[PDB]
Amino acid sequence: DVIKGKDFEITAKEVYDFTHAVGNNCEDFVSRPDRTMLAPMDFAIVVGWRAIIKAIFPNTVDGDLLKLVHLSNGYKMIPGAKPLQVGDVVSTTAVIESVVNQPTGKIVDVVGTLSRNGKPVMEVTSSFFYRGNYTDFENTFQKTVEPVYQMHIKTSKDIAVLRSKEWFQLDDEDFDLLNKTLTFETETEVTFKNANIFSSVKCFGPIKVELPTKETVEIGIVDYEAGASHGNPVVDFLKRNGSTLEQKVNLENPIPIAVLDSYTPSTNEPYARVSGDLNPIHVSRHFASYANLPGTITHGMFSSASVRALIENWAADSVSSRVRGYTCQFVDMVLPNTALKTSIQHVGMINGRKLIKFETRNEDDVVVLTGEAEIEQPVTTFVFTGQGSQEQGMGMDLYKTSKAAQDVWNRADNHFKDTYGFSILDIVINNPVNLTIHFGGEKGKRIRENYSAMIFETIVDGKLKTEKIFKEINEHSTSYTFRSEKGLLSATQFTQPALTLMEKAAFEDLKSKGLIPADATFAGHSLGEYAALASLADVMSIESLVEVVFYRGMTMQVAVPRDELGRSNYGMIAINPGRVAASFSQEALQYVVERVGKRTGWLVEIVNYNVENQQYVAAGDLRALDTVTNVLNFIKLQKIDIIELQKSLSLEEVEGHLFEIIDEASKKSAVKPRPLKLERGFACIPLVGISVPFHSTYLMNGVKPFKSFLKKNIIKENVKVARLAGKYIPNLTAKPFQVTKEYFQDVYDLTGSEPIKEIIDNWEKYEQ
Amino acid sequence: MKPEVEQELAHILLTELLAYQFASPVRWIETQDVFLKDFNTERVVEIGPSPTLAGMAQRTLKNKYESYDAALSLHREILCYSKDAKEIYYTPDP
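Those protein sequence lines, which keep their order, are chains L and V. Under full-length UniProt numbering, the final residue of the first sequence carries the number 2050; numbering is consecutive throughout. Under full-length UniProt numbering, the final residue of the second sequence carries the number 94; numbering is consecutive throughout.
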C-alpha cells in the first residue's frame, strides 16, 4: 500500500534554523529582499522523513530498529522541476520498493516522492539494513521501475528477433516497425522463493514508437509471466540488444576538486530537533553503549548534508538552483569532535549536469561515506566563426582522433562523392587549385542530374528569371572544371561547407564527451549561425546542412558573375566608428554611409553590427567601399562632428554640407579602374577572402530562391520549438526565438513578407 | 496552442528568419545584449579555427559590462575551441 505523509508547508524560520543546524554558508538560503529564499534540497527530508520511516514499520518488514543503521539515501529532482522556494506547500507519498533478504540481513529500498502544486518536484530513494538472518521468503517482494531502454530497428533480421519474443504483444500485429525508435515503459515486479532464484516473474508495461513529429503512441505491451525465474530476460534482452537513454561519459583524468576539513560538532542535539530523528543513539551515550558502538554516533544524514554544503560550495559554484541531485552511501560510522577530510572528485559529465563522486575521510585516514551529486551549469553560450578563417588541413587533427568528427566528415564526404562526385575531405586535406568533376558512367549521369537543378530564381521587375548556375553544364557536357587562382578551398562554394562541417564536428565531439547543457543560448557570425543551428538544435541533418550551405556557396559565387579570373567589383570593410572619432557613434556612421550611397549612386550598406562602436562590417560596390573609406579618412583629419552641427548649429544644412565632401571623395574614387584594391583607412580595415557582398542590397534578388530552397530542405517534422525557444538568437533579429504575435509583427517590421503577414492576420485561426 | 500548428508556425518563423538573415544586416550589438546581459550566461565558447566573436564579446563586456560583471560576482570565460579546448574537455596539464 502507498503511504501518505501530512502536507508540510515550508517556512523561512525552519530553513533559517537548518542553515546553522548543518552550518551552511550558501547565501541562497539566507532571508534577503528581492531574491527568493530557496530551500536547501537537504531540507526535503524534513518534509518526507515522517512518511519514509512510516514505510519501514509494517509487521511484514520486521527488524531491530536499534540494529537498523541507515545504508544509503538520495535526493533527485525530476526534469524541469524547480527546487523548493521559502513558502512552498510540499506533500509526501512513499512506497516500499524492494524487500531484498541479503545473506548478511535485509536491505529494504524505500521510494518517497514529494509533490508541490499537485505535481512531483523531487523523489527520495533510500535503503535501510535490518541486520541478521531473515527467512522472509513469504513477506519479500521486488517492485522496481526498470530503465526506459530503446531499440532501433534498422534491419529485418533483428525485427524477426524481436517478433520471436512472445512478450512483445502488438495492438496492430502488421505495424511496420522498420526504420523506427521503440521505447519500453518496463516496470518489473518479482516474488522470491530464495535469496537468488525468484518465486515468480512479472514483466509488464506499454511499448511506444518515437514518430518523426516526436509524438510517441503505445503500439504494444510487454507481458512476461513465468514460475522459477533466475533473472528477467526482457530487461536482460534490452540490456544487450536495446540501449539505456542516458549514458554518463567520464573524463580521461578525474579532476581532483579538493579534500576539505569539515568538523562534526560535539553535540548531535541541534539537528535531531529540526530533523524529527529523535533517535537517542546520536545523543544518549547509554543508548550508544547498548548499540555496541564507540559512542553517540553523528546523524548519518547530518554527515550527508555537511558534505552537500561542500558539493554546493566547490562543485556547484555556490548556487542552490543548479544542483540537481545528491546521494550519500553510509560506509562506516564517525563520532562527534572529528575533523572529516572529505575527498570530492569531478569524475564525470552528463548532458549539462556535472557527475561529482566523493568518499568521506576523517583524521584517522579511513572512509565513512561515498555518494554522487548531479549539478547542471545552464550558463554556457555558443558563438560560431564565419568565413575567411579557413586554412588547408583544418579540422583534420580532430578527424584522425574523434569518432564523432570521423562519422560527421565521412557522412558528408560520402554524400558529396555520391551527389556531386567530389571530396570536401580531398579539398580540405590538399587544396587542389582545380577539380574536374567527370560525368562519365551511370554514377556521372546521376551526378550531372544533381548539378542541372542548381538555379538562380532571381526576381527581375516582379517576374522570376530562373538562370542555371554553371550554364555550360548541360545533358551533352562530359566533365566540368572547378577553377581557383590559388586553391579551391579559398573559393566560398567550398569554404562554407568545410567551415560549417569542422564546426559541426568539433560540437559533435563535445556531444560525444557530453560537455554541452541542453538550455544554453547561441548565435553565429553571418555563416556561423548555420553551424550553431545544426549543432545546438539538430535543425538540419548533416546531408541537409552540407547541401543547403553548398547551394548558398553556389548562389554567392555567381550572385555577381565576374571577369575571367573571378574578381567581383564587390566585398566588405570592418569599420571602427571610434577610429574616425569617439563622438562619431553608430548614428553618425549609418547617417554618413546612407548619404554617400544615395549621392554616389552606387551600393554601400551596414551588413554586420559586430561590436558596439568598434566594429560594423559594411558591404556594397567596391568604389562605394573606398569612397566611404575616404569619407571617414576626411571627417577624422578635419575632426568635424555631423551630430553636433545637425542639431546645435543648423537644421539639414549639414546634409547640404555633406554633398560637397562626398562630391570631393567620389570624383577621386571614380578615377581608379575596376580591378581596384580596397586600401585600409584611418577609420576602416578591409576584409580578406570575401569577394562576395553577403547581406548587402546586391542579393535582394536572390532571397526568393534561398527561401524556395529552405522550403524544400527544412521539413517541420525535424523542427521542434522546445529545443529552439529561449536559445535561438538570429543575426538580423537579435531576440530569443518566440512563437508569438509579438515576434511575427517585429520580423514583419524589419523585412515584410506575404507568409508572416498571412499568419499575423490569420493568427486567431491558428490560435485554436 | 496545438502541437501540429506550433510546429507549422515555428517552421515558417525560422524559415523566413534564415531566408532574410541570408541578405539582411546582422544585429550582433543586440545579440550580445540577449545572453551576456539578459540571461547572465557565464561560459561562452567560440567554435571555429580562429577567434573573431571572442575579441567581440570580450570588448562588448569591457565597454558596457566591466561594472556589470564585477558587481554581481561572476567570471565570464570567452573561449575559442581551436585555442582553448583544454578548458572545454577539462584535460589540463598536471
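Honestly, the hints are just simulated from the structure, not real lab data. Accuracy of the hints is not assured; some may be wrong.
Claimed, not checked - Derived DSS-like pairs: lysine-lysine, alpha-carbon spacing no greater than 25 angstroms straight-line:
| no. | chain 1 | residue 1 | chain 2 | residue 2 |
| --- | --- | --- | --- | --- |
| 1 | V | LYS86 | L | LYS1530 |
| 2 | L | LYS2017 | V | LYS2 |
| 3 | L | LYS1436 | L | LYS1484 |
| 4 | V | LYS2 | L | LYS1793 |
How the hints compare with the structure:
1. About 20 angstroms separates the Cα atoms of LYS86 (chain V) and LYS1530 (chain L), which keeps this hinted pair within 25 angstroms; it holds.
2. About 24 angstroms separates the Cα atoms of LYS2017 (chain L) and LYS2 (chain V), which keeps this hinted pair within 25 angstroms; it holds.
3. Simply put, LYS1436 (chain L) and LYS1484 (chain L) have alpha-carbon atoms about 29 angstroms apart, too far for the 25 angstroms limit, and the pair is violated.
4. With a CA separation close to 31 angstroms, the supplied pair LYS2 (chain V) and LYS1793 (chain L) exceeds the 25 angstroms bound.
Checked against the numbered hints given earlier, the structure breaks hints 3, 4 and satisfies all the rest.
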